[PDB]
Amino acid sequence: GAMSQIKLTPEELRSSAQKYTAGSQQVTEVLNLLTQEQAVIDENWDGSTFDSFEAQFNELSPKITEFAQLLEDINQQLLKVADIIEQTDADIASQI
Amino acid sequence: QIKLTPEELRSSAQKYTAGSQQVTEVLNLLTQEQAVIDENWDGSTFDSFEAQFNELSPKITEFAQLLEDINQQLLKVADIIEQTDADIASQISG
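Those sequence lines, one after another, are chains A and B. Taking my numbering, I'd label the letters of the first sequence as residues 1 to 96. Taking my numbering, I'd label the letters of the second sequence as residues 1 to 94.
Rather than coming from a laboratory, the hints here were simulated on the basis of the structure. Mixed in with the good hints, there may be bad ones.
Stated by the list, open to error - Label-pair ranges, simulated between beta-carbon atoms:
no., chain 1, residue 1, chain 2, residue 2, range
1, B, 52, A, 25, 16 to 26 Å
2, B, 44, A, 36, 35 to 45 Å
3, A, 35, B, 32, 56 to 66 Å
4, B, 92, A, 65, 40 to 50 Å
5, A, 76, B, 81, 46 to 56 Å
6, A, 76, B, 55, 11 to 21 Å
7, A, 66, B, 90, 45 to 55 Å
8, A, 54, B, 84, 22 to 32 Å
9, B, 5, A, 84, 51 to 61 Å
10, B, 73, A, 63, 38 to 48 Å
11, B, 57, A, 52, 30 to 40 Å
12, B, 5, A, 83, 48 to 58 Å
13, A, 25, B, 5, 31 to 41 Å
As the list claims (entries may be wrong) - BS3-like cross-link-like pairs, simulated, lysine-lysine; straight-line CA separation at most 30 Å:
no., chain 1, residue 1, chain 2, residue 2
14, B, 76, A, 63
15, A, 63, B, 59
16, A, 63, A, 19
We put the CB at the ideal spot given by N, CA and C, even for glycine.
Working from the sequences, and respecting the hints, build out all of it.
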């Protein structure tokens, strides 16, 4: 099962995990910033010249949030798996 | 009609192109991490996360490109307006 199938150590899992959570935060930050810029552009540019970009942004936006949530979810799972493996190593060590 | 000056337009554009780049950076970086996990975790347990990531990836690419396209248009419009503002100033003064 998992103990056999997983080759990464708890430390290696945590190292990967950190990249996912940093990535998730960066994606969220870009989305929030540019969602604000879209509004600014909408309010200081009367008309409909910008309507097509607005709509593309709006359609993709929820997908970007899903991505960010996925990356954070991967972080959480990796961390929990690392903990479980680490405790396992500890228990097996004691047993002998 | 356009309340934003060319300088304000370029300031906004810079945020779009930096966002584009940053989003793509995260995608590329974690695409390699996905491969690390795939290679070092045998079996199908991580298959769902792999599928979800692979499914969203193309949208992340579309979004990054949308961001850059917006940047490029903002720059073009800023240039147009810059020339316009100069032409009008020169008209009135001259």
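Here is what the structure says about each hint:
no. : hint                      : verdict
1   : 52/B <-> 25/A: 16 to 26 Å : holds (19 Å)
2   : 44/B <-> 36/A: 35 to 45 Å : holds (41 Å)
3   : 35/A <-> 32/B: 56 to 66 Å : violated (28 Å)
4   : 92/B <-> 65/A: 40 to 50 Å : holds (49 Å)
5   : 76/A <-> 81/B: 46 to 56 Å : holds (47 Å)
6   : 76/A <-> 55/B: 11 to 21 Å : holds (19 Å)
7   : 66/A <-> 90/B: 45 to 55 Å : holds (51 Å)
8   : 54/A <-> 84/B: 22 to 32 Å : holds (24 Å)
9   : 5/B <-> 84/A: 51 to 61 Å  : holds (57 Å)
10  : 73/B <-> 63/A: 38 to 48 Å : violated (22 Å)
11  : 57/B <-> 52/A: 30 to 40 Å : violated (24 Å)
12  : 5/B <-> 83/A: 48 to 58 Å  : holds (54 Å)
13  : 25/A <-> 5/B: 31 to 41 Å  : holds (32 Å)
14  : 76/B <-> 63/A             : holds (28 Å)
15  : 63/A <-> 59/B             : holds (7 Å)
16  : 63/A <-> 19/A             : holds (20 Å)
Comparing the model with each earlier hint shows violations of hints 3, 10 and 11; every other hint is respected.
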